[PDB]
Amino acid sequence: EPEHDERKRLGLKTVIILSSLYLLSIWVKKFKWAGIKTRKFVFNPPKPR
Amino acid sequence: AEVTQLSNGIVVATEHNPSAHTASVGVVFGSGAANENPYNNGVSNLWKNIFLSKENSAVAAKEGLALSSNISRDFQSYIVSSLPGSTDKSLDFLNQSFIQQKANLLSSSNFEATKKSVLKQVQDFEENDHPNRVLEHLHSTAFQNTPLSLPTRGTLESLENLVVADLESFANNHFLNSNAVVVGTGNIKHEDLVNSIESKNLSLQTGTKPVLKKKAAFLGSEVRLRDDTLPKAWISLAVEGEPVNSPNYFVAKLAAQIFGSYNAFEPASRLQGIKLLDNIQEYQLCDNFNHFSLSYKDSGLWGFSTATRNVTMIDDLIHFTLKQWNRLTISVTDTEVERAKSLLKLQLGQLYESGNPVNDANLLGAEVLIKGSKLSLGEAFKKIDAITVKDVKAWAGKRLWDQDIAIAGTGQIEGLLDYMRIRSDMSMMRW
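Which chain is which? The protein sequence lines are D and A, in order. Heads up: the first sequence at position 39 corresponds to 298 in the authors' numbering, and the numbers run straight through without jumps. Heads up: the second sequence at position 177 corresponds to 203 in the authors' numbering, and the numbers run straight through without jumps.
The shape of chain D in the complex, shown without the other chains:
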């Protein structure tokens, strides 16, 4: 495994960048879904026709 030293260094940049992208994606998803998540329905039965 002659690439062992360089492979482990490159894995440190991947995980840090990908962990911060995953967390930033949860916030963006929750911001776009706020209107649907907090939505209220009421029902007034219509009078007979």
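Hints listed in this document are in silico derivations from the structure and should not be mistaken for laboratory results.
The calculated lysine-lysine pairs, modelled on BS3-like cross-linking and capped at a C-alpha distance of 30 Å, are:
{"no.": "1", "chain 1": "D", "residue 1": "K289", "chain 2": "A", "residue 2": "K349"}
{"no.": "2", "chain 1": "A", "residue 1": "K80", "chain 2": "A", "residue 2": "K146"}
{"no.": "3", "chain 1": "A", "residue 1": "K367", "chain 2": "A", "residue 2": "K397"}
{"no.": "4", "chain 1": "D", "residue 1": "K299", "chain 2": "A", "residue 2": "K240"}
{"no.": "5", "chain 1": "A", "residue 1": "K424", "chain 2": "D", "residue 2": "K288"}
{"no.": "6", "chain 1": "A", "residue 1": "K397", "chain 2": "A", "residue 2": "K424"}
{"no.": "7", "chain 1": "A", "residue 1": "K424", "chain 2": "D", "residue 2": "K289"}
{"no.": "8", "chain 1": "A", "residue 1": "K215", "chain 2": "A", "residue 2": "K74"}
{"no.": "9", "chain 1": "D", "residue 1": "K296", "chain 2": "A", "residue 2": "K240"}
{"no.": "10", "chain 1": "A", "residue 1": "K349", "chain 2": "D", "residue 2": "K288"}
{"no.": "11", "chain 1": "A", "residue 1": "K301", "chain 2": "A", "residue 2": "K349"}
{"no.": "12", "chain 1": "D", "residue 1": "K299", "chain 2": "A", "residue 2": "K239"}
{"no.": "13", "chain 1": "D", "residue 1": "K306", "chain 2": "A", "residue 2": "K258"}
{"no.": "14", "chain 1": "A", "residue 1": "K349", "chain 2": "A", "residue 2": "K258"}
{"no.": "15", "chain 1": "D", "residue 1": "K291", "chain 2": "A", "residue 2": "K349"}
{"no.": "16", "chain 1": "A", "residue 1": "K258", "chain 2": "D", "residue 2": "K299"}
{"no.": "17", "chain 1": "A", "residue 1": "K235", "chain 2": "A", "residue 2": "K323"}
{"no.": "18", "chain 1": "D", "residue 1": "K296", "chain 2": "A", "residue 2": "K241"}
{"no.": "19", "chain 1": "A", "residue 1": "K226", "chain 2": "A", "residue 2": "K397"}
{"no.": "20", "chain 1": "A", "residue 1": "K400", "chain 2": "A", "residue 2": "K371"}
{"no.": "21", "chain 1": "A", "residue 1": "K241", "chain 2": "D", "residue 2": "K299"}
{"no.": "22", "chain 1": "A", "residue 1": "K215", "chain 2": "A", "residue 2": "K400"}
{"no.": "23", "chain 1": "D", "residue 1": "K306", "chain 2": "A", "residue 2": "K142"}
{"no.": "24", "chain 1": "D", "residue 1": "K272", "chain 2": "D", "residue 2": "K289"}
Counterexamples of contact, computed for chain A against chain D with all Cβ distances above 10 Å:
{"no.": "25", "residue": "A86"}
{"no.": "26", "residue": "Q122"}
{"no.": "27", "residue": "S133"}
{"no.": "28", "residue": "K141"}
{"no.": "29", "residue": "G233"}
{"no.": "30", "residue": "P269"}
{"no.": "31", "residue": "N271"}
{"no.": "32", "residue": "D304"}
{"no.": "33", "residue": "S325"}
{"no.": "34", "residue": "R335"}
{"no.": "35", "residue": "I356"}
{"no.": "36", "residue": "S357"}
{"no.": "37", "residue": "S368"}
{"no.": "38", "residue": "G441"}
Built from N, CA and C at the ideal position, the CB exists for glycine as well.
Fit chain A to the given chain D structure using the hints.
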């Protein structure tokens, strides 16, 4: 032209028109549906129908008088019309029937009958007047939890629980000299009207109107009242606008005049110089639309209303109209501004010169109740003529570009997309 005096706590404003054939006098109060609460909503609507009851109108008819009343969000008025030689007859009727001796009007068998009829007017409005009940829900959702969100007619639940002691409470707090303006329009003289109040010793109560806690606050939201049995779709959409006394009062009205109104069945309305018509006529997206600019004491609304039968292409109608609003911020031609200048002056000139003294009384009293005086029509034309393209771009950049909106709709509105999809159309990634 107009003259305003403060002889006492009451204010007298007039507009002499010697070439008229009628005269009108009345009193306008600086309170409306914005000075109520959810539980007595519609009290001011009940007072209007008491003034126009059968017994009250029979006395006025025997003297040759006609009664008019109007309720708004910021004011309410009570007018008496008469021939030019009978102005003192109308002042006496107003005094003896409204200012004093209000208990006989509020008698039983008269409150009960009037209340029963107003309940019928409100029920019919909520089931038949779709374009107007949508505009009322737009206020309800744009200013929720605020004085400016209450409907001017009341609700079926406020009115059904209103009782004998509720109407007398409201008139104590709001029908006062400091809250009133006496208005005379038509073939009347300022000196002749002031000399009549000073003789009859006309005077209302001497209190002060209550001060509200909250203020008007716009909130981006939406309300949907779906009804698949209706044949059309009615939609209203607006952003926060300008209150009265704002410096950008005529720029916002000119901006609404750029897109104007439209009627699909009128041949001359299809030839108007509006670029929006080129995208909506090929597939007949709508039947009619109109753009407005509503101004109140605290805030206002700026938007448009539509009614359509093309229920499968509603998204195209909304998408295309909002992309035209995007051009106010970035690229609006000189010709569009010059055309809207000429149509706004014509529209204002018609409103203030309709020749109906009742209309002028409502406009005169409402203006004095806020600004203290009334701006001349010639002075308004100078301000409209001074607007430039740079003023429109600056106004639209702060009020329209990437801003929250309020939406109301009813009918067959399954094809109206979600809030965020519509909200994202208020700017564009290309600029």
